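Quick setup: one chain, the form solved without adenosine-5'-diphosphate, written in structure tokens, and binding and motion questions come after.
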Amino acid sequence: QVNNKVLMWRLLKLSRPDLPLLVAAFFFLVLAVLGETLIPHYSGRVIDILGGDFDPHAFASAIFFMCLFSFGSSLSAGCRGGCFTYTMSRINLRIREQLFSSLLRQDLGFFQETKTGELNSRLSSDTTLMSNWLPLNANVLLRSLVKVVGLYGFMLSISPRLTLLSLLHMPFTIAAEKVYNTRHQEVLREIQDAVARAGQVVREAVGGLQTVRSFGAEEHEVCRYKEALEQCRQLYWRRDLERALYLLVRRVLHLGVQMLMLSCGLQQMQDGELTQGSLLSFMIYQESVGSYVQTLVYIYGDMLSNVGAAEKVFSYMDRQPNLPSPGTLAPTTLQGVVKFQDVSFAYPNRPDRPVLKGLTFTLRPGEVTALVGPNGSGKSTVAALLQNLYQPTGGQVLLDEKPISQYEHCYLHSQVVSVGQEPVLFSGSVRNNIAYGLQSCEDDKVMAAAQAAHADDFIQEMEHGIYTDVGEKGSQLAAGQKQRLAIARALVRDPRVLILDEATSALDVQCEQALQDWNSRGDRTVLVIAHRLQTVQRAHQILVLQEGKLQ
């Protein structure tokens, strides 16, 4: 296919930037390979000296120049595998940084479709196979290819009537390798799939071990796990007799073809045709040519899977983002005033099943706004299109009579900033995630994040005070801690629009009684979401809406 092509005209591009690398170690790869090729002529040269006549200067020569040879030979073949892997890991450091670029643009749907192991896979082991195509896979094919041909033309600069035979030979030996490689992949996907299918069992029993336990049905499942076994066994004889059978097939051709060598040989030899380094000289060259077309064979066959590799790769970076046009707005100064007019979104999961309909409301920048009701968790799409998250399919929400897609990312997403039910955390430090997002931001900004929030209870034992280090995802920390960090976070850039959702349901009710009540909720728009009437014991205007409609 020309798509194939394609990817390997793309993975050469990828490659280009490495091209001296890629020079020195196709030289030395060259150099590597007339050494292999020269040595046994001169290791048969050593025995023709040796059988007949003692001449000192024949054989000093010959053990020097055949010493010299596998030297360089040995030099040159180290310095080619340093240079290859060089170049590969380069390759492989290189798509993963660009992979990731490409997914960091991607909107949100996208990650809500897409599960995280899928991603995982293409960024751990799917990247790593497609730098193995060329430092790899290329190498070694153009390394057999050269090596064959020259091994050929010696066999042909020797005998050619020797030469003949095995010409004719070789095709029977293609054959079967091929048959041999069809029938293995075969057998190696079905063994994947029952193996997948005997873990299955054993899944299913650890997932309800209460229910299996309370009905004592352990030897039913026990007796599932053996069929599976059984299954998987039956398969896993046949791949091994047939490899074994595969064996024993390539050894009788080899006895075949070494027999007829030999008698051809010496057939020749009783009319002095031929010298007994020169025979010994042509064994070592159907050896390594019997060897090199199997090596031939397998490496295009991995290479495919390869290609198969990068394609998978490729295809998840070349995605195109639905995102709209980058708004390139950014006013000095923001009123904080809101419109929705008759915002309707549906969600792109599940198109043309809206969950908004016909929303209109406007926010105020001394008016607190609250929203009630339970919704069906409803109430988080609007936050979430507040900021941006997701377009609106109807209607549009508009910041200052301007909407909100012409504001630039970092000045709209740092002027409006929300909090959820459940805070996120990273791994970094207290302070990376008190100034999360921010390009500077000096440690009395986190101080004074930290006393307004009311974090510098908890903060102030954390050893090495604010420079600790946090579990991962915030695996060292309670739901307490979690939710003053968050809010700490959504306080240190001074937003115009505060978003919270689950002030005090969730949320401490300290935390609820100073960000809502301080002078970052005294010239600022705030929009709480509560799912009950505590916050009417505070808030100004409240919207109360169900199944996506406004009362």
The other form holds:
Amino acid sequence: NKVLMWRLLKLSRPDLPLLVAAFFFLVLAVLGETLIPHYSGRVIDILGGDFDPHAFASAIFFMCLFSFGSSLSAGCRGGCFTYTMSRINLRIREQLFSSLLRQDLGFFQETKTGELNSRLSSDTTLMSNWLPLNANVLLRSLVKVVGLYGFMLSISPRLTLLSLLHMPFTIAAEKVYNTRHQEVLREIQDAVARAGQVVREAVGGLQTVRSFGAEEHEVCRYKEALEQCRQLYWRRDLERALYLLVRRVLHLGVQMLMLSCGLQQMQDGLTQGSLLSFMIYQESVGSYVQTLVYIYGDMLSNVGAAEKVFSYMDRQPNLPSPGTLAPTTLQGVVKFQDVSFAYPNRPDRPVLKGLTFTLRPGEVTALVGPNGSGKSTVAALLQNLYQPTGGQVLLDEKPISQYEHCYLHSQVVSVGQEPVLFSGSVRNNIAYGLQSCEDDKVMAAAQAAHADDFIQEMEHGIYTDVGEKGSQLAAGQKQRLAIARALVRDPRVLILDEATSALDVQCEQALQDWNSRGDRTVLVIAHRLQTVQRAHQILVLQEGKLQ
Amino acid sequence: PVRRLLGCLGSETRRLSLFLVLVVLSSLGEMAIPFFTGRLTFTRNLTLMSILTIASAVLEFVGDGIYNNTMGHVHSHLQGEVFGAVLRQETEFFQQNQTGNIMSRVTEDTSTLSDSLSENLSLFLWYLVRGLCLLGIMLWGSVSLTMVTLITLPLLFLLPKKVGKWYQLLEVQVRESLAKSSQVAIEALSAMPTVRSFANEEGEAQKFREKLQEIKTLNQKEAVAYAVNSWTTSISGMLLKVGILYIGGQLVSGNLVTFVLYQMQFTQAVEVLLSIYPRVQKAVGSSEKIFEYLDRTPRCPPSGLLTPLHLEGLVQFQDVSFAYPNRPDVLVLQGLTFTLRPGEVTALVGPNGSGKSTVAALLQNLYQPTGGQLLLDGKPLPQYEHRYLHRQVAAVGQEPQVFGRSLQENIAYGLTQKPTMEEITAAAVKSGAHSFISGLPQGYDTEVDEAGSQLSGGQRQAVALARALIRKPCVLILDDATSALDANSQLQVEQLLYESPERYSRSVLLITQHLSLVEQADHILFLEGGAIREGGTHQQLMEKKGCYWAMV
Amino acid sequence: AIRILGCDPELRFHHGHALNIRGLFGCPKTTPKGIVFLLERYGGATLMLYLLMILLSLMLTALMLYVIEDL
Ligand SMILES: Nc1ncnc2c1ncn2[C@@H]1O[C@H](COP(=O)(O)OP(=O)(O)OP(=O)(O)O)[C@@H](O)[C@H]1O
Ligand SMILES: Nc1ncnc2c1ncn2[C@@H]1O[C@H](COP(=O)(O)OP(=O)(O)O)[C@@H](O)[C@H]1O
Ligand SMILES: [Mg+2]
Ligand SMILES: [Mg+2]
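Form solved without adenosine-5'-diphosphate done; form solved in complex with adenosine-5'-diphosphate now:
Next comes the full complex, this chain leading.
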């Protein structure tokens, strides 16, 4: 549609200097090609007629240099068209990914990661790869249409039937093909993205797949998805071939129609010398108009096939306006005021029915409850990951959402129930998200989390590569690096969402001194009361209510 | 290298041969108009040119339909076999290659190769037949000058042959740079709650941009390469035409005009053909990795052919030692020797990082021991059939993965035939998951999200336990499963471990770094530093050393 | 002469499929009457002017390739 095409022009705005340069070289290339056939024809006349070595040598000389200029000009416009294709592609890819990170956490429950990656990797090429092909044909045909019409204007009376016959036929019938060609392109992109998720699941969780011997089942599932894509390719190609067949029949019909009308005006007085030469000009300009219309329609269909990419890029996240507070000192007093919450992707099931607890610096507060009670959902609200549907959450008597995004997550940190690491060095996992951090601070955090014992034994020590999602570490070793990642930030408020569960008996007793400094605010989440004996305040949660 | 590409297309030569006869017939009808028609004075020209135009349009319509249909089969076949070859590789293959890197190769590299093959093959055949027709006309004009043209023609191959190697290595770097960027994107998108929590959104975006910059550097060289290639083919073609004209002029044989008028056309076909070779080399570089997967021999031993009708759960380790291939010089396990017997529960206890989960990996035949041997019912694990072995041996991982489908499909995952709901319900009841699954609004039909993000922390182990029980397994492995379970589920677990009559059909390996459930085990093994330091019953271990240093 | 290729062979193909350019009657004459006269009288000067425009276009594009990187 025109809206998406206009949006791309706004995105293609920085690249205009490359486009105008391409147009100038295109004109210069076609400017030469109308001069070479004169000299080549002159060579034929000299060779077959009265031969003359000097005229022959002069004729082939001018033929070479005009051909050299056109070849030189044509080479560099192909080059700049190809380059400006990649600039559009990379800018499109960078802007799309940067927009996804800004979305709310409810967005990533509605979508699959393998579909987003496939859409980012595939739909972006479909939206840019048409540039070096469509633009060259569209501009070259447009120039030649004007040039050929100039010759026919010397036979003006027959020209006024040129613009009346073929023009209304193609413009009206094109909308039927354009509407349906765009539809199948969208189906193809969705089907290939749907097939991409199969590879994402099979490869991402292979050790579970191989544990049950289900590799051949996954291959059968993928081949079923490929078959659904094959039938969509056939429909796209079969209908285009049929559409191409109709036009040339239609082109031939207009041809006979004019030749008959060409001979009808013959009786009214324009000689056959004009008509014989005119019909060649009539033939070519009719073909170029058909090509000009076809390329323009194809250009719009390709842009419209990637409609979902535009919808992702301009999607405003369902988040409150960014905060600005960033005090130089923070006491760390957190309190709930009748907080009620329901997940945005599934309302009508309230997870929290109302909470009114408060946290104080230097006092360890314990939260206990069975599975599904809502303990981790409370921790998410502490970190401003989700907004409560009722009540409010305050930090130092100010709303949690009013604090700056970068500032807040440096004062309030947490350790997840099942920690996730990233591919990289141990010193990168630790001090994750910090713009600058010295190695003495990192080692201090490792010692505080009792991680220095096993980090020393690694192949490169603190610089050893952690596998994908932490797959190259033990479960307890993963848990310790997650604790160090929080301690390295010197937090004011610390949340422990069952972090001690995966650690052995010795470490679960060693890491009981969270409040030794006396300035931090500590919240510990546990499943059973046999873990929080020295907690200063104990909260019991069941069915979303505190007892 | 080129033969490796066209080798796949050779499986369907019959369809292409039918395409070849149609295009040459369509070409003959198209060239018939200039040869036979005068467009002067008349009806004779009009009718035959109208009929031949329709015949050309119909013939090329059928030819294109066969071509597009055949290309679709080749694309789907190639993409299916690449994915099938990936899953045959060893477990170490998926640590050397990230999940975002592999998926880019299967999804995009394969589709680029077939897309490249689709456009060039039809264009190559079309110009080949017209070039031959143009050559035949030139033979009529002059036998001597055609031989001169043909003799000097191989000299034009030299320069595109040099550019071709530039395209290969240039395309390989572009493909692997896109794979690196894909890994960065999918790793961040799969962990957004952690990225959001640590405010690293702009840190991920910057890490993504460093990969696009590498692509941008290569794309600049691609644009220059195109212009160089476009300059050389056009300029070289001009010299071939001009050189013959100089010879023709030096030979004045007054009929040279009919040879020249078509020589100027033959060079235009050669100019197009010389542009095909650089993109053929590009396709070779654009598919190095996918063809590397297709012919790489996996590190695993082949699956054996043993499927006993009835099997006993007698599992015995014999001097087993193991070291991960990432650090083959550091042994993770040292001289393990213990036996599992039907009807008995063995508890494996040790500190974090002692190697307990590594023991479970060996038993599931994910890795091969570097020393000793491991036997199931007196036979090595590789001797059993792959699907048969993973029905007798089932396990619950330390953090079980849950696929994005319905709960009934997750419980019955990997089974050869779909069980009835009566079997699934029984398995869910036995694992305790029925207490909460029945409370869901859609019950067993509820779709779960990626990696089981919808389920609570402790409920995921209950669903994974049901998945293992439904196999009617002979060996059951419980890796840290019982920690997060409810009181109701814990009663069910200790009921199935120590009370249920179906115990005698099973041998159980219980792994937990806590004393929560190991008191009732028939045997306890203490693992530290990759070796078993102490072994015996609960009372025997108490008398061995005072307070055991692990419970007081 | 017989035109075995198309009248505009560069536009004969789009992707892997043919286009509607063929010599249904013949190849149009694209040499205007003014130009052919100009190509023999004062013809030698037009070649120099044509080449100079190419050289100026090359020099201008290279500068834009420099500016657009710094911008
Ligand atoms: N893919 C791997 N490559 C190399 N070494 C590994 C890999 N996975 C684990 N290790 C190492 O092997 C050793 C044993 O780890 P393992 O996961 O078996 O311990 P564990 O006893 O199960 O631990 P936990 O009780 O904490 O779950 C550790 O030193 C660990 O770092
Ligand atoms: N991302 C989500 N989207 C929708 N519902 C969720 C999501 N995460 C959890 N829930 C539901 O909300 C409830 C919150 O429970 P949870 O806080 O996970 O308990 P615990 O932390 O004690 O295991 C769960 O019952 C779960 O079904
Ligand atoms: Mg473990
Ligand atoms: Mg929880």
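Numbering follows the first chain given and starts at 1. Definition used throughout: the rigid core is the maximal C-alpha set that superposes within 1.5 Å between two forms.
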| query | finding |
| --- | --- |
| Core-fitted Cα difference of 2 Å or more between these two forms, single residue among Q415, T87, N388, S144 | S144 |
| Rigid core superposed: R350 CA moves 2 Å or more between these two forms | no |
| Post core alignment: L515 C-alpha displaced by 2 Å or more between these two forms | yes |
| Did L262 shift 2 Å or more between these two forms, C-alpha, core superposed | yes |
